[PDB]
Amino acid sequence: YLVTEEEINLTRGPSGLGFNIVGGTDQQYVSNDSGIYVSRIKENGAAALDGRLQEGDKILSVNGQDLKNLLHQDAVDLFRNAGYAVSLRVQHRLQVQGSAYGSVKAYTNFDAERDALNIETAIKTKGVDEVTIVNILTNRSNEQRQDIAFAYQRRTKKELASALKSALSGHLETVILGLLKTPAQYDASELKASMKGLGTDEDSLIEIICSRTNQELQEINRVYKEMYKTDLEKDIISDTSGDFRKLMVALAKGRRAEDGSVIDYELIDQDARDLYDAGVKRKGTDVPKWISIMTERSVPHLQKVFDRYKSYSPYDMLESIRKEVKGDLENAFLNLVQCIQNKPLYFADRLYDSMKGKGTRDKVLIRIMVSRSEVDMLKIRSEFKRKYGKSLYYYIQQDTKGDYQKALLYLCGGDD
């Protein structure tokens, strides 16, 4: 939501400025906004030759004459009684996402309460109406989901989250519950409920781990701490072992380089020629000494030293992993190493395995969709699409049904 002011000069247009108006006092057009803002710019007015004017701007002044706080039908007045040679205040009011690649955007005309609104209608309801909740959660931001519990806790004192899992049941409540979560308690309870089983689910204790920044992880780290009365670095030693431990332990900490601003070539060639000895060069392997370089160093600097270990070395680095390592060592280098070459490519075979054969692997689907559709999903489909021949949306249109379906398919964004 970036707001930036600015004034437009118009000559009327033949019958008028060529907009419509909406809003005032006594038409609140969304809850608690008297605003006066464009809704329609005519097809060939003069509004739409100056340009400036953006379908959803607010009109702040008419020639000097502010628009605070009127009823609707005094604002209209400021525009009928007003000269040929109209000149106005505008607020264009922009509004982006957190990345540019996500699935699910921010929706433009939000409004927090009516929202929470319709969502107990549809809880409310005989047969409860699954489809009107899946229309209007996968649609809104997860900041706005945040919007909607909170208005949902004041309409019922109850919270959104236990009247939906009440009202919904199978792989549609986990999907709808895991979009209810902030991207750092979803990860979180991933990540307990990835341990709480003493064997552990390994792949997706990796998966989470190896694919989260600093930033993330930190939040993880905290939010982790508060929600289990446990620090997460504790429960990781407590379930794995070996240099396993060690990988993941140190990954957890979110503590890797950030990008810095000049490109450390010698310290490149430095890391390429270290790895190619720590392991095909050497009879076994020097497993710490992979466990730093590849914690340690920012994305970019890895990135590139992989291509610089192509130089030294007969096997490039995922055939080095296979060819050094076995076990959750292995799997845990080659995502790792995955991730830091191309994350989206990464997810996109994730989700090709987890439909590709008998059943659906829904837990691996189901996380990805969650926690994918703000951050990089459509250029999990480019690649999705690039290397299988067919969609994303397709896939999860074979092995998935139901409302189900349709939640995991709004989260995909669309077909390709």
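Superpose the two forms; the largest set of C-alphas matching within 1.5 Å is the rigid core. Residue numbers count along the first chain shown, from 1. What changes on going to the form deposited in another entry:
Lining up the core between these two forms shows that one residue from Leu94, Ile263, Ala100, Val131 moves its Cα 2 Å or more, and that residue is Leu94.
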Contents of the next structure:
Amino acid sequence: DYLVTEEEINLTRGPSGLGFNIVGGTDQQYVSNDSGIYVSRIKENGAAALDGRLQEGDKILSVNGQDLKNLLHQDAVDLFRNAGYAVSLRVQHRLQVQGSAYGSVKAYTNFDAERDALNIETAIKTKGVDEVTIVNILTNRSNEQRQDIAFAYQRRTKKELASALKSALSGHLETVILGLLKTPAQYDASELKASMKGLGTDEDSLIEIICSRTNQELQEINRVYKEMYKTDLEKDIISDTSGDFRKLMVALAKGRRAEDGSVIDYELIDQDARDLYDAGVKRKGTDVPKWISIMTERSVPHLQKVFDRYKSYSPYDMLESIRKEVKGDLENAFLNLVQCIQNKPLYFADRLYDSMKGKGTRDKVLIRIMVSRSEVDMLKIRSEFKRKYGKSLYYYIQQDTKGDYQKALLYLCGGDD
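What's the form deposited in another entry like, now that we've got the form deposited in one PDB entry?
Since only the chain itself is given, any partners or molecules it might have are not part of what comes next.
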């Protein structure tokens, strides 16, 4: 949750004071748990600003050897009021890095799972439904916090929060909010199930998920999929797919890719670049199993260098080589997999653009990406999108969607660029 280093700071009271404002206490807890004392503001040109060691957000542990643990707000203030002009502080510097730093949606600081579950009830129970309030909460909260809100709402109402919103919402907005409530593994599992449900597979969605997920994510998806649907994901893929496209998807969904080692294996990088060339462009036909094993077994950093070393031997790069060697679902899968290896944020930027560029909106693609990447690499996606397409992802969502559905997507986007 937090990274912590502690520092002793000695300050000389200026006439304005020590030059900072404190918050906290047992009677005014800054968050739901900590009763500590925190620096909420550092006055410009104050004794603490000039000293430069104190930071906004630090926790005051002790003042002149007196601990500030479990004190009322007034008891903490009174310790400063009687401290004299030479004040010795012991502070705790805090860095809030957790999850990913490239995610649009972060954990809400003043989080209270009970009040949110309460306020979502109010909204469901208001006449006409306050969707805006449902959206303002659930899109501003981490996926873990949404799980807490789902737990509280069940205990208070004896109904599952998702089943309640499933009745209080409709259309595209319902799809977004219901997606946000599932865990990452549950959402991917159900999205995978929906693409294979029915004779006739949505290979587009199946490729996107299976190609873009890491070993850690696929291992979890495999566990949750079997819990939810009483069958193995690998078995459902074998049933809905065939040919070398089946081989590729089965190997990828296993999530047994080599982990990034500390040592870069330049010798293997060159051999794999030679193999990929021998199996495809250099020969008549294509040794597809050789392509599958290299591109599914080797680690992502390794394969990034393999694709560049491949350009030393082949007159075409990997993507052009795939378009010249295979067709159909197999070609689609290789092209997606290589893009995920080379630049996954750009891959999602391109799929976002394709879901909105022309007539209408491929809402199923737009929604899944905004949901499943909002806490992973959405800020990198927006950076690649802005760099390539000139306008922001915010702007394209704004032009393709409307209403509270747009607002939710704009929140999951996280802002303009």
